[PDB]
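Participant: Chain by chain, the residues run as shown.
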Amino acid sequence: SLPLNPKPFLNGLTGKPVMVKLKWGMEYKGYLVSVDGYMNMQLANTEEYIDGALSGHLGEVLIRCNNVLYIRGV
Amino acid sequence: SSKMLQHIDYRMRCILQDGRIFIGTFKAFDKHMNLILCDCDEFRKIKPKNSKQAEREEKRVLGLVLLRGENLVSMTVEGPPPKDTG
Amino acid sequence: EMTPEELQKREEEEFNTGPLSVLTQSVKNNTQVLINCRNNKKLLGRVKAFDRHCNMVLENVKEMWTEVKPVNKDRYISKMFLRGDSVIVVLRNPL
Amino acid sequence: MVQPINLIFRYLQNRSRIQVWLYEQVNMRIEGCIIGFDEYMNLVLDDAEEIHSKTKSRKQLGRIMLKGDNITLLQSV
Amino acid sequence: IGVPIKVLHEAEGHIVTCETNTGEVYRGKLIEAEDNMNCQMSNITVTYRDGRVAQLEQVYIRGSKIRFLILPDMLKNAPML
Amino acid sequence: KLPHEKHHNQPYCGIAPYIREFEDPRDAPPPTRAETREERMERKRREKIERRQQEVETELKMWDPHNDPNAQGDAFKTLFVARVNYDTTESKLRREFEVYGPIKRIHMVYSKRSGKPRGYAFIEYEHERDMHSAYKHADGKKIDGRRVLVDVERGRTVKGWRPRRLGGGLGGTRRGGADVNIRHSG
Amino acid sequence: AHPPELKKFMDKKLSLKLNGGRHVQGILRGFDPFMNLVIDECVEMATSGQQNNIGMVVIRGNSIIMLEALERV
Amino acid sequence: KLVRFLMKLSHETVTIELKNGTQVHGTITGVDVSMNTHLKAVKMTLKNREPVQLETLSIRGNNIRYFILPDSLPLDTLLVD
Amino acid sequence: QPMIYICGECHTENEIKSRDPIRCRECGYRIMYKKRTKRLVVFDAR
RNA sequence: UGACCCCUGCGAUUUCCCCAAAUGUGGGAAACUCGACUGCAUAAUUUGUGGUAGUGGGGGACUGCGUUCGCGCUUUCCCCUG
Ligand SMILES: [Zn+2]
Numbered sequence: 002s003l004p005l006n007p008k009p010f011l012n013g014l015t016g017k018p019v020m021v022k023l024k025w026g027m028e029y030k031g032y033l034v035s036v037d038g039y040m041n042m043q044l045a046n047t048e049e050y051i052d053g054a055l056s057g058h059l060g061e062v063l064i065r066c067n068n069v070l071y072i073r074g075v
Numbered sequence: 006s007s008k009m010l011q012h013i014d015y016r017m018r019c020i021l022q023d024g025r026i027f028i029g030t031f032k033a034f035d036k037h038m039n040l041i042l043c044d045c046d047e048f049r050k051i052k053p054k055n056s057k058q059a060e061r062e063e064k065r066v067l068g069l070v071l072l073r074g075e076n077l078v079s080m081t082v083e084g085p086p087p088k089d090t091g
Numbered sequence: 010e011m012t013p014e015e016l017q018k019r020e021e022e023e024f025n026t027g028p029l030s031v032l033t034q035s036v037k038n039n040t041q042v043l044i045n046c047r048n049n050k051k052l053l054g055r056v057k058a059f060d061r062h063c064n065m066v067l068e069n070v071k072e073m074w075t076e077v088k089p090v091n092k093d094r095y096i097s098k099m100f101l102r103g104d105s106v107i108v109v110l111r112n113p114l
Numbered sequence: 014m015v016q017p018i019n020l021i022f023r024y025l026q027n028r029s030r031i032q033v034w035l036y037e038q039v040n041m042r043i044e045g046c047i048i049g050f051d052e053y054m055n056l057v058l059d060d061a062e063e064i065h066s067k068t069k070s071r072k073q074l075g076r077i078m079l080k081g082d083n084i085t086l087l088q089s090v
Numbered sequence: 003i004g005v006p007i008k009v010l011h012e013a014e015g016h017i018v019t020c021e022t023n024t025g026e027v028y029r030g031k032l033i034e035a036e037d038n039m040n041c042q043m044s045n046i047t048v049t050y051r052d053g054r055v056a057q058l059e060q061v062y063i064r065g066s067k068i069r070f071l072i073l074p075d076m077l078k079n080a081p082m083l
Numbered sequence: 027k028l029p030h031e032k033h034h035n036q037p038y039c040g041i042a043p044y045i046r047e048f049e050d051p052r053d054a055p056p057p058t059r060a061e062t063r064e065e066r067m068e069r070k071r072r073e074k075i076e077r078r079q080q081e082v083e084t085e086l087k088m089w090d091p092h093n094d095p096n097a098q099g100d101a102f103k104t105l106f107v108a109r110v111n112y113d114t115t116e117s118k119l120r121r122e123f124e125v126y127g128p129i130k131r132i133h134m135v136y137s138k139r140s141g142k143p144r145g146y147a148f149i150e151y152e153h154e155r156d157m158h159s160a161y162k163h164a165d166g167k168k169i170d171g172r173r174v175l176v177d178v179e180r181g182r183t184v185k186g187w188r189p190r191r192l193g194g195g196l197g198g199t200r201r202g203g204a205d206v207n208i209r210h211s212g
Numbered sequence: 004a005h006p007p008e009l010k011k012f013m014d015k016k017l018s019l020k021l022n023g024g025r026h027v028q029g030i031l032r033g034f035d036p037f038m039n040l041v042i043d044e045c046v047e048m049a050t051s052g053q054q055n056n057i058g059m060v061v062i063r064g065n066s067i068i069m070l071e072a073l074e075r076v
Numbered sequence: 002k003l004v005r006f007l008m009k010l011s012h013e014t015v016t017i018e019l020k021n022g023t024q025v026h027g028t029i030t031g032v033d034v035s036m037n038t039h040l041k042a043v044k045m046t047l048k049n050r051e052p053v054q055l056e057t058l059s060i061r062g063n064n065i066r067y068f069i070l071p072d073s074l075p076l077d078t079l080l081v082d
Numbered sequence: 013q014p015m016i017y018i019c020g021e022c023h024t025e026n027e028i029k030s031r032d033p034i035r036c037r038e039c040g041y042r043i044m045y046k047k048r049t050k051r052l053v054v055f056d057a058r
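Chains as they are written, first to last, in the entry's author numbering: chain f, 2 to 75; chain j, 6 to 91; chain e, 10 to 77, 88 to 114; chain g, 14 to 90; chain i, 3 to 83; chain b, 27 to 212; chain h, 4 to 76; chain k, 2 to 82; chain L, 13 to 58.
I should point out that these hints are in silico values taken from the structure, not numbers from a laboratory. Warning: the hint list may mix true and false statements.
[As the list claims (entries may be wrong)] In silico EDC-like pairs for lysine to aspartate or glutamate, Cα to Cα no more than 16 angstroms straight-line:
1) k/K20 to j/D23
2) i/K78 to i/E12
3) j/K64 to j/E75
4) e/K37 to b/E61
5) k/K20 to e/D104
6) b/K27 to j/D46
7) j/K8 to k/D72
8) h/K20 to g/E44
9) k/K2 to e/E21
10) e/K98 to k/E56
11) f/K24 to g/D82
12) j/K50 to j/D35
13) e/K98 to k/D72
14) k/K2 to e/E72
15) k/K44 to j/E63
16) f/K24 to e/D60
17) e/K37 to b/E116
18) L/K46 to L/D56
19) j/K52 to j/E63
20) f/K22 to g/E63
21) h/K20 to i/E26
22) e/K50 to e/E76
23) b/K32 to j/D23
24) f/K30 to f/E61
[Said to hold, decoys possible] From the derived model, a few chain k residues whose C-beta atoms are all more than 10 angstroms from chain j:
25) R5
26) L10
27) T16
28) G31
29) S73
30) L79
31) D82
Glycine is no exception: its CB is placed at the ideal position from the N, C-alpha and C atoms.
Using the sequences provided together with the hints, build the complete structure.
Facilitator: What follows is the structure in structure tokens.
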């Protein structure tokens, strides 16, 4: 397993569905659109999960970096 | 930047992020807003959990204090500087 | 930055094709947007300008929040200035 | 003199299961095999497991990334 | 450098108190001071938010994580002031 | 209280129950998209550029470079010299360009309306070889204290060649600031 | 980018305080300008009296709050 | 940038909310690159507190939550720079 | 070291170094002249 | 407070030319030297872009556990307060 830095990892994650959990429990799962040098994520057809359970569907969503807790594919 | 220079040596009350009030003689500052207070006193508002009583104030004398700008919220003039004349 | 020259337009291409293009296209089409801030309140309004710091200039905004039974409270602000650090989420009109 | 960068590189080559603590959160932790890291301390894992002290349940996540600012403490195995 | 930073460098070696963002207050002799507000103390007296205290011998504190510092009032007589 | 021991009775919630945006057909005002002192300038630059391009097509259609009474002799024999000092006498230009070979004819161009010296002339040598011999040596010569460049005139030799006013030519003495050095010569 | 003067605490048993009321205890081996510390023979020192030794570990300076030397340097 | 536009709002009245729920209504007199603003003839209202009129107040930019500007502000003309 | 010479044609100053082929950098003219010395020179007006 | 009128802004130093009440008082040129004047490394751990969110308190009826009957935790409705 060759080393894969986080920037190339996220770049490969671009275009595929990804769920991101925030520092306060809420989560957002959607098709990753693009990112910036600060990891400001922008998703499409996003669905918001509250406390792990599905809460609703939002759509296109722009979220800053300093608020998200982590990210995971699928 | 006379906005801060004109206020040097005045008795200012600094408002902290936690809700405390540090009242002392504003001596000097810097770009980061780190202030130096002389003969400072710390006040804090405690909520009354027993009954409808007047807000409880717990004063605390500190003397010379150095407040970090990141922890400084605002500052206002409580009163003129200590007059040295009789 | 990767382009230490003073003539660098990295912020330009960033706002034009990067994730921050949501605000550029928002001001272009004059579309509304709902923002979730660190105040636990949501601000729904239009945008007129912004920069790298994610500080937008809003107008015709409507603040909304809930306290506690949970009771909702809402008000209106015709012109305001929102900070970026306090922002949590942004959502354009999904229509 | 061993530095954190060299130690992280050693753990990476070893592919050991590194556990990570969260910033301002003590009850939840994450563990996985590191694949890479940047100067920002962001870490990528191949198979991550979210473990909580109260629940003791290990939630499987898979190939994921974690922000460096959220990291609090690293632990081997 | 900054005037507060200089006042700290000259405040080196004397008894000072320091309160941090976590609420703990440490009062003791200052050993080393730096431009980045990193402070080292010795034989300090700690007060926690609850009020309990403890005893320490040699301590170092990061500068960004400090709420404020209390220095000797005599430092107001510095030549720059 | 401390940030870690603070009991969050109402932590941050989502926005899923708070989607009350306006309908799609309720589009935004189309006329509310414009800016001052940013687009009118580009508009004026585009008009002046197109206007010039059209004047260029009209000039190309009206005037014929090859069919020029002033131009005479073989094109491969004729030479072109520019950046020449205005005080250079015809005899001075003869004494400087006859060295490479005898000059059949010499033509000093003049302003049509002002009559001032243009600063460039066409020299027609008796032999094409004398011209080619001058091509390499003449470039960079100094006549009357001002450096001059020399290249074979391409106005009737190179396909698709035209002067400054028609968008062509060489040399950047008046190109973007700090982009073309004045020391370098043609 | 001046690094901290932690040469005194090198190869000394310390007890560090973290942000979320957490504490650890181990021997220091190296530091960095960003206060990234590397301590060996580290114990978790959870809220309860229970102890868990894991050994070599790494700590982020952004989360390191305080470091005390139990061996008085 | 945009802080220059924030610095251009001198002599106008606004209402700023802070990250701690505090409200402050007053006229702006000066701003810095760090977003620190000085308001004269201002009225402050801390959370669960009573309003108080202060003749001056220098606030830092980090603790600011948002501003509320007048309704007649010329945004299209003021955002040209 | 500098060795400024005046070109005959363009009367231009230009440095020349030893072993440097003699040619005005400005006009390619091969005739140059040394500049008037700086030594103190006096003449009784007899 | 302040209309009209002047410089587009430097504290200091160096060289050339010139007006000159000619060692001073000034103007037209640059030269590279310190200042914390600005932009980028400055929204990627140390202040200039947040894990300090603000998310409550009190008066009446209304549950339970322990109890020193003052209280700690815990469950409901109506009111004043921010
Ligand atoms: Zn010459």
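Participant: It remains to establish, for every hint, whether it holds in the given structure.
Facilitator: How the hints compare with the structure:
1. Between k/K20 and j/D23 the alpha-carbon distance is near 11 angstroms, which keeps this suggested pair within the 16 angstroms criterion.
2. Distance restraint check for i/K78 and i/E12: the Cα-Cα separation of roughly 11 angstroms lies within the 16 angstroms cut-off, and the hinted pair is therefore satisfied.
3. The hinted pair formed by j/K64 and j/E75 fails the criterion: a straight-line CA distance of about 23 angstroms is larger than 16 angstroms.
4. Proximity of e/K37 to b/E61 is assessed by CA-CA distance (about 11 angstroms); at most 16 angstroms being required, the pair is judged to hold.
5. Distance check on the hinted pair: k/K20 and e/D104 sit about 11 angstroms apart at the alpha-carbon level, within 16 angstroms; holds.
6. The suggested pairing of b/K27 with j/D46 is violated, with an alpha-carbon distance near 20 angstroms, which exceeds 16 angstroms.
7. At roughly 27 angstroms between alpha-carbon atoms, j/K8 and k/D72 are farther apart than 16 angstroms, so this suggested pair is violated.
8. Between the alpha carbons of h/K20 and g/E44 the distance comes to roughly 22 angstroms, so the proposed pair goes past 16 angstroms and is violated.
9. Restraint check: the Cα-Cα separation between k/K2 and e/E21 comes to about 12 angstroms, which is no more than 16 angstroms; the hinted pair holds.
10. Annotation: proposed proximity of e/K98 to k/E56 is violated, straight-line Cα distance about 25 angstroms (limit 16 angstroms).
11. Distance hint between f/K24 and g/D82 is fulfilled; the C-alpha atoms sit about 11 angstroms from each other, no more than 16 angstroms.
12. Taking the CA atoms of j/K50 and j/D35, the gap is near 29 angstroms; set against the 16 angstroms cutoff, the hint is violated.
13. Straight-line distance between C-alpha atoms of e/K98 and k/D72 comes to about 6 angstroms, which keeps the hinted pair within the 16 angstroms bound.
14. Taking the CA atoms of k/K2 and e/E72, the gap is near 26 angstroms; set against the 16 angstroms cutoff, the hint is violated.
15. For the hint linking k/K44 to j/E63, the alpha-carbon distance of about 25 angstroms lies beyond 16 angstroms, and the restraint is violated.
16. Of the pairs offered as hints, the one joining f/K24 and e/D60 is violated, with about 25 angstroms between alpha carbons and a cut-off of 16 angstroms exceeded.
17. Of the pairs offered as hints, the one joining e/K37 and b/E116 is violated, with about 65 angstroms between alpha carbons and a cut-off of 16 angstroms exceeded.
18. A hinted pair counts as satisfied when its Cα atoms are at most 16 angstroms apart, and L/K46 with L/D56 does not qualify at roughly 25 angstroms.
19. A distance of roughly 12 angstroms separates the Cα atoms of j/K52 and j/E63; the hinted pair therefore holds under the 16 angstroms criterion.
20. In summary, the hint linking f/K22 to g/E63 is supported, as the alpha carbons are separated by about 12 angstroms, within the 16 angstroms threshold.
21. With a CA separation close to 11 angstroms, the supplied pair h/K20 and i/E26 stays within the 16 angstroms bound.
22. For the given pair, e/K50 sits about 10 angstroms from e/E76 by alpha-carbon distance, which is consistent with the 16 angstroms threshold.
23. Pair hint b/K32 plus j/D23 holds up; C-alpha atoms about 12 angstroms apart against a cutoff of 16 angstroms.
24. In summary, the hint linking f/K30 to f/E61 is supported, as the alpha carbons are separated by about 11 angstroms, within the 16 angstroms threshold.
25. Separation of k/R5 from chain j is adequate, the least Cβ-Cβ distance of about 16 angstroms exceeding the 10 angstroms criterion.
26. Consistency note on k/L10: stated as away from chain j, and its beta-carbon is indeed over 10 angstroms from all of that chain's, at 15 angstroms minimum.
27. The beta carbon of k/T16 sits about 15 angstroms from the closest Cβ of chain j, which is more than 10 angstroms, so the claim that it is off the interface holds.
28. Look at k/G31: its CB is around 4 angstroms from the nearest CB on chain j, not clear of 10 angstroms, so calling it non-interface is violated.
29. For k/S73, the requirement that its beta carbon stay farther than 10 angstroms from each beta carbon of chain j is met, with the minimum near 26 angstroms.
30. Listed as outside the interface, k/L79 is consistent with that label: its C-beta sits roughly 22 angstroms from the nearest C-beta of chain j, beyond the 10 angstroms cut-off.
31. Listed as a non-interface residue, k/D82 keeps its Cβ farther than 10 angstroms from every Cβ of chain j; the least gap is roughly 22 angstroms.
Hints 3, 6, 7, 8, 10, 12, 14, 15, 16, 17, 18 and 28 from the list above are not met by this structure, while the remaining hints are.
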